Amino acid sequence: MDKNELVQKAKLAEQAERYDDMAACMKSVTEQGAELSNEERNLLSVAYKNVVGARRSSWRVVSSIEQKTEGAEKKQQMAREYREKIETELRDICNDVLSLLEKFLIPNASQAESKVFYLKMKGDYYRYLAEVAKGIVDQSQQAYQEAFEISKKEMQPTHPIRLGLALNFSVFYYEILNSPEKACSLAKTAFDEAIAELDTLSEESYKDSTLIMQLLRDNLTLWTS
């Protein structure tokens, strides 16, 4: 197929909820070595979010049974082997995204916006790996730091990509680094800085930003429960 057909097939798959199809097309678009547009970029990201989120979801359930079947030797072995099966799938997916990013998406990022997006996505998928590992937590951090630098310099505090990064990076501190302090401050600041500048919101992103700010506070409220 051609770049324009793949994209329209990717939009069809998403409405069908057929996420592997939608990621196959968007991965094929990516591998054409030309930089991706905002729309293509969001489609690749939505695709692989759902593909990996299914495994992430299967992994959580089966790990919990695994823990609950302590004392039941036969059950616990069955749950462990299957967890391990879901993990292989999950790792292959994270490395699919991570290689795509490394080879195509990060080098060819010609704009600060892209660069922040792809770097946040790099340590998203290393965070997904951290969930399932280890000393690869650090690489989730370096991606996210290089993204959080480039974002604070170039972007308004109400930009959804910068707020969104505030939100993921914060969860990485809270969850992967076990550090609720470095998590809460990061999200209190992201939020407080966005709320002092609500006039910098634009009609194209005010729903995106305003949502993610709610999600920043939600986390902060929980992390004080």
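Superpose the two forms; the largest set of C-alphas matching within 1.5 Å is the rigid core. Numbering follows the first chain given and starts at 1. First, how it differs from the form deposited in another entry.
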Given for the second form:
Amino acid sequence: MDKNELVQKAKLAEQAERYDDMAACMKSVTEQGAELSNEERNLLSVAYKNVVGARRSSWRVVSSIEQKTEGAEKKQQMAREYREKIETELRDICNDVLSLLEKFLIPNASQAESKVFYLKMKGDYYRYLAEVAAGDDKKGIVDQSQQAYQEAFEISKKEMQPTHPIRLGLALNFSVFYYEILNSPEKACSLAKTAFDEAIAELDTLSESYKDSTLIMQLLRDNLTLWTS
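Starting from the form deposited in one PDB entry, produce the coordinates for the form deposited in another entry.
Next up is only this chain, free of partner chains and other molecules.
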């Protein structure tokens, strides 16, 4: 249909809380090939966040069950086959997103803010795939995650102010990637510390978009508190 109808359909699906519709709509808006405005970008991001978060949350519950069972092998095999089905639904969702990123969003993005956003998004979606990868495949999924956050990180150092929510959000996600996926808590802490400190200094760089920057800085410092004790 028309790129407008599609967007309108999405905001309906979103109102209905039908997030798989919403992601189908926004996927096809993106496949039309034109650079996505902020409103479209955001609608895309919302839809897939809900669609994947459900699977992730489902995966966390079932995997922790398959692990906390040590009685009957029958129950444990049932739980494994279910964790497997879910992982499958999950690889699929990420792989769609990762390809929408490669084919359309990253190469069409004309402004650094938006480049940074979609690189971050690529880092997040490889992160997800990594939590669920095997011993063989995994060293390499992790690396694709790191390369993307790294690239996002460098553009945002060169091109955005240290208080921009998208820059801070990247720092927050990249630091959690260091702590939790790569086990480098030294790297995690300094990245988060640095980011907090740079935002603190150029504090006059704030604006109507501050409550958000300071909430994000609060979350970065919270991680520091938690990770050092």
